[PDB]
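One chain comes next, on its own, written out as structure tokens in the form deposited without the ligand.
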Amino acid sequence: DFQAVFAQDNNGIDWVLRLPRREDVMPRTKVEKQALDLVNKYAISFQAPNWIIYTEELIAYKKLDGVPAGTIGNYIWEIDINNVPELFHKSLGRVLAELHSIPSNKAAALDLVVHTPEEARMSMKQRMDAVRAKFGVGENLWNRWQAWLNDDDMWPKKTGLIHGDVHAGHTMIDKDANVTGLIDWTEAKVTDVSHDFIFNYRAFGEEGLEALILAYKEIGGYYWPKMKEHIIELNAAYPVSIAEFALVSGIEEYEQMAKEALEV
């Protein structure tokens, strides 16, 4: 959908230019642009791409600081789970807490999706149902999901502005592995903040998840007693996402993957 071009300003500033490959960039990027504008307005403890050039001809922004975390010959490698710097979880907790605290009404005024907590729960229910109607779901997996869905103590009572596509490759870090920015904001919306914790669980296990929760809680982010359990059930609902991708992509490999992951 776009070619990426690095370059430098006359004044020595590094830039990223997005060359559009399709004639519908504007309505297809409007949400991302709005989200980025929002995040840049309110965030001060991390960077997000700031699209100060936004047209059909061109979308361009000043290059963020730092390097993406993890893998990029074969010089730079994925994060070593045996040796994660503590500053990593602490700083990601700081960043997510700031992001998740950005005023929801400001999002509601824009074209971003904004879920109350009840709408986030209902959203998960419907996505599960849709997926099941298309592919079916194994009995034990389905029962686990339903048990989670119906468990009032698990579900958060507040929603916030999330990034929605948090992975190592989307996290900009400095030399000390302090997170300094995030990229790729296409999934930004106001919803269950738990989505932004899934990465830590999957890449770093229960320990990493706990480290992140601890930092987030300590710096003032919204916390509830079953948060960790909830994030783990949300992780257990990943096959919904795989099935969703099979449906939209029509790619057979992922239909196969979906069916295997849905335990049918």
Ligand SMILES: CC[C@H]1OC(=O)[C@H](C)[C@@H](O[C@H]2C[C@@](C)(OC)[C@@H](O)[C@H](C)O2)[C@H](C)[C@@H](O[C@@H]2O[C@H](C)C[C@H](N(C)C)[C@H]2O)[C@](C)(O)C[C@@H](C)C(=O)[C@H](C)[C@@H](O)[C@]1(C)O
The other form holds:
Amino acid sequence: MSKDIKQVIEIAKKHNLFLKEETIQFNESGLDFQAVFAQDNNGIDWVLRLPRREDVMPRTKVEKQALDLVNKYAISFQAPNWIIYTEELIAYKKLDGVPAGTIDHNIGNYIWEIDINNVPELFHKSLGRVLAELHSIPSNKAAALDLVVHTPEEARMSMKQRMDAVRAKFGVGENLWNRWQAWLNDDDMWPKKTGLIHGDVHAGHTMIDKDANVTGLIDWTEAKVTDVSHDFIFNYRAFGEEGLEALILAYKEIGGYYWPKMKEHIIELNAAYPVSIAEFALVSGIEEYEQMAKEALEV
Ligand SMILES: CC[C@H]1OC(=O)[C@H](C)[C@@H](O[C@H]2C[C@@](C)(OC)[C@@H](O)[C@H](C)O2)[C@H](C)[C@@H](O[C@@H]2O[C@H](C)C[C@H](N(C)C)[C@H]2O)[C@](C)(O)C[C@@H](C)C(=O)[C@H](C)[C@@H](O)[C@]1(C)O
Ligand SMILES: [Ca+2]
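The block above covers the form deposited without the ligand; next, return the form solved in complex with the ligand.
Once more the chain from above appears, this time first in line as the rest of the complex follows.
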């Protein structure tokens, strides 16, 4: 730990980031990297990723391309800007604010920084602005993007394929499968546009100020150009229909792509949540996710 602190200091030093030793904090980490918070010698807070795996550049290429787009175009919110980006260290200045909530992974619950029983309307207004700006970034103007890019029909066929693959692996309850298929087959419910999405929008990744304005988004690994609807699912799951409606309203009124069955579509996408849990179970090998998936698939 003194060894680990000493190592952090040394790695940062080699990238000309000079840290106050007493401020170094090691955070909950997965297998890709160790997450660290530290303050530099000018009093500025930083976020570091210490790599735990080889091939950092290929594995971070998509996330970095997404961040490059957001930093190039977006002004209504902050995103990580990897001023230090090498195989040995990724580091960026910490975004302002705090997460709206963080997941306690043992009860399976958010620890909220807002009042869940009286959600500030500015959360929805600000997130609506943020998402409308994000989703209208002209990703097509990049010369060489490696993000997944879907047309509207490609986004629908992607879901169709993902569902078939989960069914083949785990099975799916009959009623749930029929619901998914009815959704896939309802032409008019599907969006007729796609856009650049964050892909992991939830309270842990939405940085808020003291008034619950969303001022920043972190953790862009799931970014891609596809159905914008994924970025609305958190509002529904956390806040119910009221929170979903408030976000849709804010988004629509500031100019975001809106279609008549948008709410209905997002609710059907929410019903397809088990697809994501099943995929995560398969790729992570974490038994608890396999169990959660099988329960959610109604098998
Ligand atoms: C309401 C309260 C619940 O929160 C959600 O429903 C939100 C809104 C999910 O996002 C929703 C919405 C959405 C879009 O992600 C933001 C979607 O992809 C996922 C599947 O479900 C989250 C965050 C999911 O995480 C995401 O799961 C992905 C499989 C990978 C992703 N990430 C590491 C790449 C990761 O953040 C996931 C699975 O529910 C986390 C596990 C821990 C839970 O089961 C916990 C206990 C949740 O049930 C919850 C706290 O109770
Ligand atoms: Ca209330």
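Numbering follows the first chain given and starts at 1. C-alpha atoms forming the largest set that superposes within 1.5 Å between two forms make up the rigid core.
Of the residues 158, 106, 125, 167, exactly one exceeds or equals a 2 Å C-alpha shift between these two forms once the rigid core is aligned, and that residue is 106.
Superposition on the rigid core between these two forms places the CA atom of residue 79 2 Å or more away from its counterpart. We note a C-alpha movement of 2.9 Å at residue 12 between these two forms, with the rigid core held in register. After superposing on the rigid core, the C-alpha of residue 234 is displaced by 0.2 Å between these two forms.
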